[PDB]
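Single chain ahead, by itself, as C-alpha coordinates, in the form deposited in one PDB entry.
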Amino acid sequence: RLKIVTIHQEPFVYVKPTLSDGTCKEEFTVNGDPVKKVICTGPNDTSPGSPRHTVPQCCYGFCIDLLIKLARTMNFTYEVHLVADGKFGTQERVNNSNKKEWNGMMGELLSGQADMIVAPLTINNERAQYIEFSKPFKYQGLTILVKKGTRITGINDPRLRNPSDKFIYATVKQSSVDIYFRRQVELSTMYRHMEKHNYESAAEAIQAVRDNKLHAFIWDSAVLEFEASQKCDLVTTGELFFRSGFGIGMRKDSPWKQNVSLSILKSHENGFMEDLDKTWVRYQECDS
(Lines of atoms letter the chains of each structure in order from A and count residues from 1; the text may use other names and numbers.)
(Lines give C-alpha, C1' and ligand atoms only; values in the text may rest on other atoms or scores of the structure.)
Protein backbone atom coordinates (compact mmCIF):
# COMPACT_ATOMS: atom_id res chain seq x y z
CA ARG A 1 0.00 0.00 0.00
CA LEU A 2 1.58 3.28 -1.15
CA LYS A 3 1.75 6.21 1.27
CA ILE A 4 0.41 9.25 -0.57
CA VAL A 5 1.15 12.68 0.78
CA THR A 6 -0.88 15.70 -0.26
CA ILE A 7 -1.76 19.18 0.96
CA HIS A 8 -4.89 21.30 1.33
CA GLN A 9 -5.19 23.40 -1.85
CA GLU A 10 -8.54 24.08 -3.51
CA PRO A 11 -9.57 23.19 -6.17
CA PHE A 12 -6.99 20.38 -6.30
CA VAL A 13 -7.47 19.06 -2.77
CA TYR A 14 -10.40 19.96 -0.53
CA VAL A 15 -10.13 18.91 3.13
CA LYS A 16 -13.25 18.62 5.28
CA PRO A 17 -14.05 17.03 8.68
CA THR A 18 -15.70 13.60 8.77
CA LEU A 19 -19.25 13.51 10.00
CA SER A 20 -19.74 12.34 13.56
CA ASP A 21 -19.87 8.69 12.39
CA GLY A 22 -16.47 8.94 10.66
CA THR A 23 -18.04 8.98 7.14
CA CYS A 24 -17.72 11.72 4.49
CA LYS A 25 -20.76 13.80 3.53
CA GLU A 26 -22.44 12.61 0.35
CA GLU A 27 -22.01 15.31 -2.28
CA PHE A 28 -22.60 15.61 -6.05
CA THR A 29 -20.90 17.62 -8.78
CA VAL A 30 -22.82 20.23 -10.81
CA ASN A 31 -23.54 17.41 -13.31
CA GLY A 32 -25.07 15.06 -10.69
CA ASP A 33 -22.12 12.64 -10.37
CA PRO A 34 -20.99 11.53 -6.88
CA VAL A 35 -18.04 13.45 -5.54
CA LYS A 36 -15.30 10.90 -4.97
CA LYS A 37 -13.95 11.16 -1.39
CA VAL A 38 -10.99 9.48 0.23
CA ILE A 39 -10.01 9.43 3.88
CA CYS A 40 -6.93 11.52 4.53
CA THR A 41 -5.34 11.67 7.98
CA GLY A 42 -3.75 14.92 8.99
CA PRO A 43 -3.68 17.89 11.37
CA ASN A 44 -7.13 19.38 11.93
CA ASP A 45 -6.00 22.61 13.64
CA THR A 46 -3.12 24.95 12.76
CA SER A 47 -4.13 27.80 15.12
CA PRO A 48 -1.17 28.91 17.33
CA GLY A 49 -1.68 27.68 20.92
CA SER A 50 -4.24 25.00 20.08
CA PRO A 51 -3.05 21.34 20.38
CA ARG A 52 -2.29 19.54 17.09
CA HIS A 53 -4.13 16.25 16.57
CA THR A 54 -3.73 13.97 13.53
CA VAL A 55 -7.26 12.82 12.66
CA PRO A 56 -9.09 11.19 9.73
CA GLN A 57 -10.54 13.80 7.36
CA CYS A 58 -12.27 13.82 3.97
CA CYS A 59 -10.24 14.72 0.84
CA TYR A 60 -11.48 15.34 -2.72
CA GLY A 61 -10.80 17.49 -5.81
CA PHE A 62 -8.81 17.48 -9.06
CA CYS A 63 -5.79 15.70 -7.53
CA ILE A 64 -7.92 13.14 -5.66
CA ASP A 65 -9.75 12.13 -8.85
CA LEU A 66 -6.32 11.95 -10.52
CA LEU A 67 -5.03 9.73 -7.68
CA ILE A 68 -8.01 7.39 -7.94
CA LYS A 69 -7.47 7.05 -11.70
CA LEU A 70 -3.71 6.37 -11.23
CA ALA A 71 -4.43 3.72 -8.55
CA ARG A 72 -6.94 1.95 -10.84
CA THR A 73 -4.73 2.18 -13.96
CA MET A 74 -1.56 0.98 -12.21
CA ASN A 75 -3.26 -1.49 -9.85
CA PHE A 76 -1.94 -0.10 -6.54
CA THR A 77 -3.57 0.45 -3.13
CA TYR A 78 -2.81 3.57 -1.14
CA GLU A 79 -3.45 5.57 1.99
CA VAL A 80 -3.49 9.37 1.98
CA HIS A 81 -2.27 11.82 4.59
CA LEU A 82 -1.77 15.56 4.73
CA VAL A 83 1.80 16.84 5.01
CA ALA A 84 2.54 17.23 8.73
CA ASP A 85 4.11 20.70 8.57
CA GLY A 86 1.57 22.12 6.05
CA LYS A 87 4.22 22.98 3.44
CA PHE A 88 5.13 22.19 -0.19
CA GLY A 89 8.86 21.91 0.52
CA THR A 90 12.05 24.00 0.44
CA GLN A 91 15.58 22.97 1.43
CA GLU A 92 16.50 24.40 4.89
CA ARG A 93 19.56 24.18 7.16
CA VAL A 94 18.69 21.78 9.96
CA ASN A 95 19.36 22.19 13.61
CA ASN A 96 21.22 25.46 13.04
CA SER A 97 23.98 23.42 11.28
CA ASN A 98 25.36 23.53 7.73
CA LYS A 99 23.53 20.27 6.96
CA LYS A 100 20.44 20.82 4.78
CA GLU A 101 17.14 18.97 4.62
CA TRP A 102 13.87 19.39 2.79
CA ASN A 103 10.73 20.35 4.68
CA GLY A 104 7.13 19.93 3.47
CA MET A 105 6.02 17.17 1.10
CA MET A 106 9.55 17.09 -0.36
CA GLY A 107 10.91 16.14 3.11
CA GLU A 108 8.29 13.43 3.68
CA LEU A 109 8.98 11.82 0.29
CA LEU A 110 12.75 11.77 0.94
CA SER A 111 12.40 10.42 4.50
CA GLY A 112 10.00 7.66 3.44
CA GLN A 113 6.98 9.12 5.28
CA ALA A 114 5.47 9.24 1.78
CA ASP A 115 6.03 7.10 -1.30
CA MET A 116 4.33 9.54 -3.73
CA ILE A 117 3.44 13.23 -3.68
CA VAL A 118 0.06 13.77 -5.35
CA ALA A 119 -0.53 17.51 -5.12
CA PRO A 120 -0.25 20.78 -7.12
CA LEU A 121 3.50 20.37 -6.81
CA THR A 122 5.67 22.62 -8.99
CA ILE A 123 8.27 20.89 -11.17
CA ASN A 124 11.60 22.74 -10.95
CA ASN A 125 15.27 21.80 -11.31
CA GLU A 126 16.09 22.50 -7.63
CA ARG A 127 13.63 19.82 -6.54
CA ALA A 128 14.51 17.54 -9.46
CA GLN A 129 18.04 17.28 -8.02
CA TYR A 130 16.58 15.35 -5.09
CA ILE A 131 13.43 13.69 -6.44
CA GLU A 132 11.82 12.56 -9.68
CA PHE A 133 8.77 14.13 -11.31
CA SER A 134 6.26 12.70 -13.70
CA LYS A 135 5.56 14.70 -16.84
CA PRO A 136 3.26 17.63 -15.98
CA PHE A 137 -0.33 16.71 -15.23
CA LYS A 138 -1.08 20.43 -15.56
CA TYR A 139 0.63 23.40 -17.29
CA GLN A 140 0.39 26.70 -15.40
CA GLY A 141 2.47 29.49 -13.94
CA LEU A 142 2.53 32.25 -11.35
CA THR A 143 0.12 35.16 -11.34
CA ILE A 144 -1.06 37.78 -8.87
CA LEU A 145 -4.30 37.92 -6.88
CA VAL A 146 -5.65 41.30 -5.81
CA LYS A 147 -8.89 42.89 -4.70
CA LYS A 148 -11.19 43.94 -7.55
CA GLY A 149 -10.34 47.56 -8.42
CA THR A 150 -6.64 47.24 -7.49
CA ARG A 151 -4.44 49.04 -10.03
CA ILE A 152 -1.60 46.55 -10.65
CA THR A 153 -0.49 45.42 -14.12
CA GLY A 154 1.80 42.48 -13.43
CA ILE A 155 5.02 41.39 -11.78
CA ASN A 156 6.85 44.33 -13.41
CA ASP A 157 4.48 46.94 -11.92
CA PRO A 158 6.57 49.63 -10.09
CA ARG A 159 4.53 49.13 -6.90
CA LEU A 160 6.01 45.61 -6.74
CA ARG A 161 9.51 46.47 -8.09
CA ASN A 162 9.94 49.53 -5.85
CA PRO A 163 8.12 48.43 -2.63
CA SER A 164 7.11 50.76 0.20
CA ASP A 165 5.28 49.87 3.42
CA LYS A 166 2.00 51.16 1.88
CA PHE A 167 1.69 48.19 -0.52
CA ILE A 168 2.31 44.74 1.05
CA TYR A 169 2.71 41.72 -1.22
CA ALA A 170 3.57 38.15 -0.28
CA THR A 171 3.61 34.46 -1.19
CA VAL A 172 3.48 31.23 0.81
CA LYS A 173 6.36 30.27 3.06
CA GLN A 174 8.41 27.20 2.15
CA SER A 175 7.11 26.96 -1.43
CA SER A 176 9.26 27.17 -4.57
CA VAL A 177 8.19 30.81 -5.14
CA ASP A 178 10.96 32.40 -3.01
CA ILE A 179 13.50 30.14 -4.80
CA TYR A 180 12.50 31.48 -8.24
CA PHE A 181 12.73 35.12 -7.12
CA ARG A 182 16.10 34.46 -5.40
CA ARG A 183 17.35 32.63 -8.55
CA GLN A 184 17.41 35.93 -10.51
CA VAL A 185 19.57 38.87 -9.36
CA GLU A 186 17.03 41.29 -10.93
CA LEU A 187 14.18 40.27 -8.56
CA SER A 188 16.26 40.54 -5.37
CA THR A 189 14.50 43.29 -3.42
CA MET A 190 11.11 41.66 -4.16
CA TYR A 191 12.28 38.40 -2.53
CA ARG A 192 13.67 40.37 0.46
CA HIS A 193 10.32 42.19 0.88
CA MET A 194 8.22 39.01 0.57
CA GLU A 195 10.30 37.04 3.13
CA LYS A 196 9.13 39.59 5.76
CA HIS A 197 5.41 39.00 5.12
CA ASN A 198 4.92 35.46 3.75
CA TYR A 199 1.96 33.29 4.80
CA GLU A 200 1.75 29.82 6.29
CA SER A 201 -0.87 28.78 3.70
CA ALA A 202 -2.47 29.97 0.44
CA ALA A 203 -5.88 30.00 2.11
CA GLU A 204 -4.65 32.48 4.74
CA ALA A 205 -3.02 34.74 2.12
CA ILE A 206 -6.18 34.70 -0.01
CA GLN A 207 -8.32 35.59 3.01
CA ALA A 208 -5.87 38.44 3.76
CA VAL A 209 -6.37 39.87 0.27
CA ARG A 210 -10.16 39.70 0.79
CA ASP A 211 -9.84 41.40 4.19
CA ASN A 212 -7.55 44.17 2.82
CA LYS A 213 -4.61 43.06 5.02
CA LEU A 214 -2.57 41.91 1.99
CA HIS A 215 -2.52 43.99 -1.21
CA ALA A 216 -1.20 41.34 -3.63
CA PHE A 217 -0.65 37.60 -3.42
CA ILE A 218 1.85 35.91 -5.74
CA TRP A 219 0.89 32.28 -6.34
CA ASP A 220 0.00 29.45 -8.74
CA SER A 221 -2.30 30.56 -11.59
CA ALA A 222 -4.12 27.20 -11.48
CA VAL A 223 -5.18 28.03 -7.91
CA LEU A 224 -5.57 31.83 -8.12
CA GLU A 225 -7.61 31.86 -11.36
CA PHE A 226 -10.01 29.39 -9.75
CA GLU A 227 -10.17 31.43 -6.50
CA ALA A 228 -10.72 34.72 -8.36
CA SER A 229 -13.37 33.03 -10.57
CA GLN A 230 -15.16 31.69 -7.45
CA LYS A 231 -15.01 34.96 -5.51
CA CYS A 232 -16.53 38.04 -7.17
CA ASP A 233 -14.46 40.44 -4.98
CA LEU A 234 -11.08 38.96 -6.10
CA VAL A 235 -9.29 39.16 -9.47
CA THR A 236 -5.98 38.12 -10.99
CA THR A 237 -3.76 40.50 -12.90
CA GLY A 238 -0.77 40.46 -15.19
CA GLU A 239 0.65 37.92 -17.59
CA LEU A 240 1.49 34.51 -16.13
CA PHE A 241 5.24 34.31 -15.36
CA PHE A 242 7.60 31.47 -14.41
CA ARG A 243 5.44 29.12 -16.49
CA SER A 244 5.91 25.61 -15.18
CA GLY A 245 4.03 22.37 -14.62
CA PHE A 246 2.58 20.44 -11.73
CA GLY A 247 3.89 16.92 -11.38
CA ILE A 248 3.62 13.76 -9.34
CA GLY A 249 6.65 13.43 -7.09
CA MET A 250 8.52 10.18 -6.39
CA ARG A 251 11.93 9.19 -5.04
CA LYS A 252 14.90 8.97 -7.45
CA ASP A 253 15.02 5.77 -9.55
CA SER A 254 11.46 5.01 -8.52
CA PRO A 255 10.00 1.99 -10.36
CA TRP A 256 6.68 3.91 -10.56
CA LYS A 257 7.85 6.93 -12.58
CA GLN A 258 7.54 5.61 -16.15
CA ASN A 259 4.05 4.20 -15.64
CA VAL A 260 2.90 7.32 -13.80
CA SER A 261 4.06 9.43 -16.76
CA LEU A 262 2.32 7.02 -19.15
CA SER A 263 -0.95 7.40 -17.26
CA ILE A 264 -0.74 11.19 -17.38
CA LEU A 265 0.04 11.12 -21.11
CA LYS A 266 -3.13 9.06 -21.70
CA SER A 267 -5.17 11.55 -19.64
CA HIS A 268 -3.85 14.47 -21.76
CA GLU A 269 -4.53 12.47 -24.95
CA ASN A 270 -8.10 11.27 -24.23
CA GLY A 271 -9.79 14.33 -22.68
CA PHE A 272 -9.62 13.08 -19.03
CA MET A 273 -7.69 16.18 -17.85
CA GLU A 274 -10.24 18.45 -19.56
CA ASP A 275 -13.09 16.50 -17.90
CA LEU A 276 -11.36 17.19 -14.55
CA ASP A 277 -11.12 20.88 -15.52
CA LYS A 278 -14.86 20.93 -16.30
CA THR A 279 -15.54 19.28 -12.91
CA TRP A 280 -13.17 21.24 -10.64
CA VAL A 281 -11.80 24.37 -12.40
CA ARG A 282 -14.41 25.96 -14.72
CA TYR A 283 -18.08 25.13 -14.20
CA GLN A 284 -20.07 28.09 -12.74
CA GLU A 285 -20.08 31.85 -11.98
CA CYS A 286 -18.61 33.44 -8.82
CA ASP A 287 -20.61 32.79 -5.62
CA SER A 288 -17.76 33.21 -3.04
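For clarity, a rigid core is taken as the largest C-alpha set superposing within 1.5 Å between two forms. Numbering follows the first chain given and starts at 1. First, how it differs from the form deposited in another entry.
Candidate set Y199, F133, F181, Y169; criterion, C-alpha shift of 2 Å or more between the two forms after rigid-core fit; matching residue, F181.
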Given for the second form:
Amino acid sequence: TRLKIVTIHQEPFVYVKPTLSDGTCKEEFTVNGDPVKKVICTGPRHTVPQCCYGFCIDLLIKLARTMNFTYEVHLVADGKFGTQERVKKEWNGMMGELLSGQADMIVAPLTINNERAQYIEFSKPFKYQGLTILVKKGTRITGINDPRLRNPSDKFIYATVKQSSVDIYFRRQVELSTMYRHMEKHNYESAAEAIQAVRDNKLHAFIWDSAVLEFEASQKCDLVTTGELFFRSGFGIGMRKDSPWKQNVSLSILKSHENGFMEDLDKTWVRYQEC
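Having seen the form deposited in one PDB entry, could you give me the form deposited in another entry?
Below: the lone chain, stripped of partners and molecules.
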Protein backbone atom coordinates (compact mmCIF):
# COMPACT_ATOMS: atom_id res chain seq x y z
CA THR A 1 0.00 0.00 0.00
CA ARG A 2 0.98 3.63 0.57
CA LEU A 3 -1.15 5.27 -2.09
CA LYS A 4 -0.05 8.50 -3.73
CA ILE A 5 -3.07 10.78 -3.95
CA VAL A 6 -3.10 13.71 -6.34
CA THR A 7 -5.63 16.47 -5.79
CA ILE A 8 -6.10 20.13 -6.72
CA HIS A 9 -6.99 23.42 -5.03
CA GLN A 10 -10.74 24.01 -5.39
CA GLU A 11 -12.97 25.24 -2.57
CA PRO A 12 -14.97 23.79 -0.97
CA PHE A 13 -13.59 20.37 -2.04
CA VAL A 14 -9.93 21.07 -1.20
CA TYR A 15 -8.73 24.09 0.77
CA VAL A 16 -4.98 24.64 0.75
CA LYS A 17 -3.24 26.55 3.56
CA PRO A 18 0.29 27.23 4.94
CA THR A 19 1.58 24.95 7.69
CA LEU A 20 2.44 26.83 10.89
CA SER A 21 6.14 27.32 11.76
CA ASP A 22 6.56 23.88 13.44
CA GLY A 23 5.17 21.88 10.44
CA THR A 24 1.62 21.22 11.78
CA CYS A 25 -1.86 22.41 10.81
CA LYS A 26 -3.84 25.09 12.64
CA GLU A 27 -6.28 23.35 15.02
CA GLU A 28 -9.76 24.36 13.76
CA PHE A 29 -13.35 23.55 14.64
CA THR A 30 -16.74 23.55 12.92
CA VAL A 31 -19.67 25.33 14.54
CA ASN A 32 -20.82 22.50 16.86
CA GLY A 33 -17.28 21.97 18.25
CA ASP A 34 -16.33 19.21 15.77
CA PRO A 35 -12.62 19.06 14.76
CA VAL A 36 -11.79 19.94 11.14
CA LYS A 37 -9.59 17.05 9.96
CA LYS A 38 -6.44 18.18 8.06
CA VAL A 39 -3.70 16.38 6.12
CA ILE A 40 -0.19 17.39 5.13
CA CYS A 41 -0.11 17.91 1.33
CA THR A 42 2.99 18.70 -0.74
CA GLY A 43 2.72 21.07 -3.71
CA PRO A 44 4.69 23.73 -5.66
CA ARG A 45 8.62 22.05 -9.31
CA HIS A 46 10.01 23.20 -5.94
CA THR A 47 7.62 21.44 -3.55
CA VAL A 48 6.80 22.54 0.04
CA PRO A 49 4.57 20.93 2.74
CA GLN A 50 1.08 22.52 3.05
CA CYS A 51 -2.27 21.87 4.81
CA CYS A 52 -5.29 20.37 2.96
CA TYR A 53 -8.91 19.93 4.06
CA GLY A 54 -12.56 19.98 2.86
CA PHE A 55 -15.18 17.66 1.37
CA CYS A 56 -12.70 15.65 -0.77
CA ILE A 57 -10.21 15.34 2.10
CA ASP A 58 -12.91 14.04 4.48
CA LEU A 59 -13.95 11.57 1.74
CA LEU A 60 -10.35 10.34 1.39
CA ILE A 61 -10.01 9.86 5.15
CA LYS A 62 -13.31 7.97 5.12
CA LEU A 63 -12.04 5.85 2.20
CA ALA A 64 -8.63 5.18 3.84
CA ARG A 65 -10.21 4.10 7.14
CA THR A 66 -12.84 1.92 5.37
CA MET A 67 -10.62 0.00 2.95
CA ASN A 68 -7.58 0.11 5.23
CA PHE A 69 -4.85 1.98 3.36
CA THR A 70 -2.25 4.70 4.03
CA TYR A 71 -1.53 7.60 1.68
CA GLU A 72 0.51 10.69 0.87
CA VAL A 73 -1.30 13.63 -0.76
CA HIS A 74 0.22 16.05 -3.29
CA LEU A 75 -1.24 18.92 -5.30
CA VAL A 76 -0.91 18.40 -9.06
CA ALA A 77 2.32 20.01 -10.32
CA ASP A 78 0.78 22.04 -13.23
CA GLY A 79 -2.34 23.10 -11.35
CA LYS A 80 -4.64 21.50 -13.97
CA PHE A 81 -7.53 19.06 -14.19
CA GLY A 82 -6.47 17.33 -17.39
CA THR A 83 -7.07 17.36 -21.13
CA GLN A 84 -5.50 15.33 -23.94
CA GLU A 85 -3.39 17.72 -26.06
CA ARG A 86 -1.41 17.38 -29.31
CA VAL A 87 2.39 17.14 -28.82
CA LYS A 88 1.19 12.40 -30.80
CA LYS A 89 -1.28 12.96 -27.89
CA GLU A 90 -0.67 13.34 -24.15
CA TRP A 91 -2.61 14.03 -20.94
CA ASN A 92 -1.69 16.92 -18.69
CA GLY A 93 -3.01 17.82 -15.22
CA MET A 94 -4.14 15.17 -12.72
CA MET A 95 -4.98 12.90 -15.66
CA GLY A 96 -1.33 12.94 -16.78
CA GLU A 97 -0.10 12.40 -13.22
CA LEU A 98 -2.27 9.30 -12.74
CA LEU A 99 -1.38 7.78 -16.17
CA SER A 100 2.42 8.18 -15.64
CA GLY A 101 2.54 6.74 -12.09
CA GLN A 102 3.13 10.03 -10.25
CA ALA A 103 -0.26 9.28 -8.57
CA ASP A 104 -2.23 6.11 -7.78
CA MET A 105 -5.56 7.87 -7.24
CA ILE A 106 -7.14 11.24 -8.08
CA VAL A 107 -9.34 12.51 -5.24
CA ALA A 108 -10.79 15.74 -6.52
CA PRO A 109 -13.89 17.29 -8.21
CA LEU A 110 -12.94 15.44 -11.39
CA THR A 111 -15.77 15.22 -13.94
CA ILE A 112 -16.64 11.82 -15.43
CA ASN A 113 -16.73 11.91 -19.24
CA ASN A 114 -16.15 9.72 -22.29
CA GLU A 115 -12.60 10.83 -23.22
CA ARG A 116 -11.09 10.34 -19.74
CA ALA A 117 -12.88 6.99 -19.20
CA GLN A 118 -11.21 5.61 -22.37
CA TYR A 119 -7.92 5.79 -20.40
CA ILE A 120 -8.80 5.62 -16.65
CA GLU A 121 -11.33 3.99 -14.33
CA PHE A 122 -13.82 6.23 -12.53
CA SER A 123 -15.73 5.20 -9.41
CA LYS A 124 -19.47 5.62 -9.23
CA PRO A 125 -20.13 9.36 -8.67
CA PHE A 126 -19.56 10.73 -5.19
CA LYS A 127 -21.35 13.92 -6.23
CA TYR A 128 -23.91 14.89 -8.88
CA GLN A 129 -23.88 18.37 -10.40
CA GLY A 130 -23.54 20.14 -13.80
CA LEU A 131 -22.39 23.44 -15.39
CA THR A 132 -23.78 26.89 -14.64
CA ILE A 133 -22.76 30.56 -15.02
CA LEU A 134 -21.46 32.89 -12.30
CA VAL A 135 -21.93 36.65 -12.77
CA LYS A 136 -21.66 39.81 -10.65
CA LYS A 137 -25.01 40.51 -8.93
CA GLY A 138 -25.88 43.47 -11.22
CA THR A 139 -26.14 41.25 -14.33
CA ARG A 140 -29.34 39.68 -15.69
CA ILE A 141 -28.65 36.89 -18.21
CA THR A 142 -30.82 34.06 -19.55
CA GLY A 143 -27.88 31.65 -19.52
CA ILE A 144 -25.72 29.79 -22.04
CA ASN A 145 -28.12 30.88 -24.85
CA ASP A 146 -28.36 34.61 -23.95
CA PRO A 147 -27.34 36.80 -26.97
CA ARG A 148 -24.39 38.38 -25.10
CA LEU A 149 -22.71 34.92 -25.02
CA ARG A 150 -24.15 33.82 -28.39
CA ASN A 151 -23.13 36.93 -30.32
CA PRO A 152 -20.00 37.96 -28.32
CA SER A 153 -18.09 41.28 -28.31
CA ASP A 154 -15.56 43.19 -26.17
CA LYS A 155 -18.52 44.74 -24.24
CA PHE A 156 -19.33 41.53 -22.26
CA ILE A 157 -16.47 39.16 -21.38
CA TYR A 158 -16.84 35.45 -20.49
CA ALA A 159 -14.37 32.62 -19.84
CA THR A 160 -13.71 29.16 -18.35
CA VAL A 161 -10.61 27.48 -16.83
CA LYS A 162 -7.89 26.16 -19.15
CA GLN A 163 -7.10 22.42 -19.37
CA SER A 164 -10.55 21.62 -18.03
CA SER A 165 -13.03 19.34 -19.76
CA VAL A 166 -15.20 22.41 -20.37
CA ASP A 167 -12.32 24.25 -22.13
CA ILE A 168 -11.54 21.54 -24.67
CA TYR A 169 -15.27 20.94 -25.29
CA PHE A 170 -15.67 24.57 -26.46
CA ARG A 171 -12.57 24.02 -28.67
CA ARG A 172 -13.94 20.90 -30.43
CA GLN A 173 -17.64 21.78 -30.87
CA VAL A 174 -18.55 23.31 -34.29
CA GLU A 175 -21.56 25.36 -33.12
CA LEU A 176 -19.30 26.84 -30.37
CA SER A 177 -16.56 28.11 -32.73
CA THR A 178 -17.59 31.78 -32.26
CA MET A 179 -17.88 31.56 -28.48
CA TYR A 180 -14.43 29.96 -28.26
CA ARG A 181 -12.89 32.76 -30.39
CA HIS A 182 -14.05 35.14 -27.60
CA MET A 183 -13.12 32.86 -24.64
CA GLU A 184 -9.67 32.11 -26.09
CA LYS A 185 -8.60 35.65 -25.12
CA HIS A 186 -9.98 35.50 -21.56
CA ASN A 187 -9.70 31.90 -20.21
CA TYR A 188 -8.00 31.67 -16.77
CA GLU A 189 -5.47 29.29 -15.24
CA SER A 190 -7.54 28.57 -12.12
CA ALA A 191 -11.14 28.80 -10.94
CA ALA A 192 -10.15 31.07 -8.02
CA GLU A 193 -8.53 33.77 -10.17
CA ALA A 194 -11.59 33.74 -12.46
CA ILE A 195 -13.96 34.07 -9.48
CA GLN A 196 -11.95 37.05 -8.15
CA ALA A 197 -11.93 38.57 -11.65
CA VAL A 198 -15.75 38.54 -11.67
CA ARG A 199 -15.86 40.29 -8.26
CA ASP A 200 -13.82 43.17 -9.77
CA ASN A 201 -15.72 43.51 -13.06
CA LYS A 202 -12.68 42.24 -15.03
CA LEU A 203 -14.87 39.21 -16.02
CA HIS A 204 -18.62 39.34 -16.64
CA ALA A 205 -19.41 35.61 -16.74
CA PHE A 206 -17.55 32.45 -15.64
CA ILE A 207 -18.75 29.05 -16.95
CA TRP A 208 -17.94 26.36 -14.36
CA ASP A 209 -19.03 23.50 -12.06
CA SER A 210 -22.30 24.25 -10.23
CA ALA A 211 -21.06 22.59 -7.02
CA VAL A 212 -18.28 25.21 -6.87
CA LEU A 213 -20.21 28.19 -8.21
CA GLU A 214 -23.37 27.77 -6.08
CA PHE A 215 -21.06 27.50 -3.06
CA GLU A 216 -19.32 30.75 -3.99
CA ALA A 217 -22.73 32.43 -4.40
CA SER A 218 -23.94 31.15 -1.01
CA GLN A 219 -20.89 32.69 0.70
CA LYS A 220 -20.33 35.94 -1.24
CA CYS A 221 -23.44 38.14 -1.58
CA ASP A 222 -21.98 40.11 -4.53
CA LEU A 223 -22.12 36.94 -6.69
CA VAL A 224 -24.98 34.94 -8.24
CA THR A 225 -25.52 32.07 -10.66
CA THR A 226 -27.98 32.08 -13.54
CA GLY A 227 -29.44 29.73 -16.14
CA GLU A 228 -30.46 26.14 -15.49
CA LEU A 229 -27.87 23.45 -14.85
CA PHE A 230 -26.65 22.02 -18.17
CA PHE A 231 -24.41 19.01 -18.87
CA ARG A 232 -25.59 17.31 -15.66
CA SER A 233 -22.87 14.79 -14.78
CA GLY A 234 -20.86 13.51 -11.81
CA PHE A 235 -17.54 13.78 -10.03
CA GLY A 236 -15.68 10.48 -9.59
CA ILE A 237 -12.55 9.13 -7.95
CA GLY A 238 -9.95 8.35 -10.67
CA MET A 239 -7.80 5.18 -10.73
CA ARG A 240 -5.75 3.26 -13.33
CA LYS A 241 -7.61 0.47 -15.12
CA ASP A 242 -5.65 -2.24 -13.25
CA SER A 243 -5.97 -0.68 -9.83
CA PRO A 244 -7.02 -3.49 -7.42
CA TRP A 245 -8.97 -0.91 -5.38
CA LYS A 246 -11.66 -0.06 -7.92
CA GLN A 247 -14.41 -2.41 -6.74
CA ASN A 248 -14.15 -1.41 -3.07
CA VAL A 249 -13.74 2.31 -3.81
CA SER A 250 -17.06 2.19 -5.74
CA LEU A 251 -18.79 0.05 -3.07
CA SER A 252 -17.67 2.54 -0.34
CA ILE A 253 -19.05 5.51 -2.25
CA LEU A 254 -22.44 3.79 -2.71
CA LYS A 255 -22.54 2.88 0.98
CA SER A 256 -21.72 6.50 1.92
CA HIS A 257 -24.59 7.96 -0.13
CA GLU A 258 -27.01 5.33 1.24
CA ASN A 259 -26.08 5.75 4.93
CA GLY A 260 -26.16 9.56 5.06
CA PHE A 261 -22.38 10.15 5.11
CA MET A 262 -22.30 12.12 1.80
CA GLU A 263 -25.27 14.24 2.88
CA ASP A 264 -23.23 14.83 6.08
CA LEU A 265 -20.30 16.13 3.98
CA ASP A 266 -22.72 18.43 2.10
CA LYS A 267 -24.09 19.89 5.37
CA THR A 268 -20.53 20.48 6.63
CA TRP A 269 -18.79 21.88 3.50
CA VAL A 270 -21.34 22.77 0.82
CA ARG A 271 -24.57 24.14 2.41
CA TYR A 272 -23.68 27.54 3.98
CA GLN A 273 -26.10 30.31 5.01
CA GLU A 274 -24.06 33.54 4.60
CA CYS A 275 -26.44 34.59 1.78
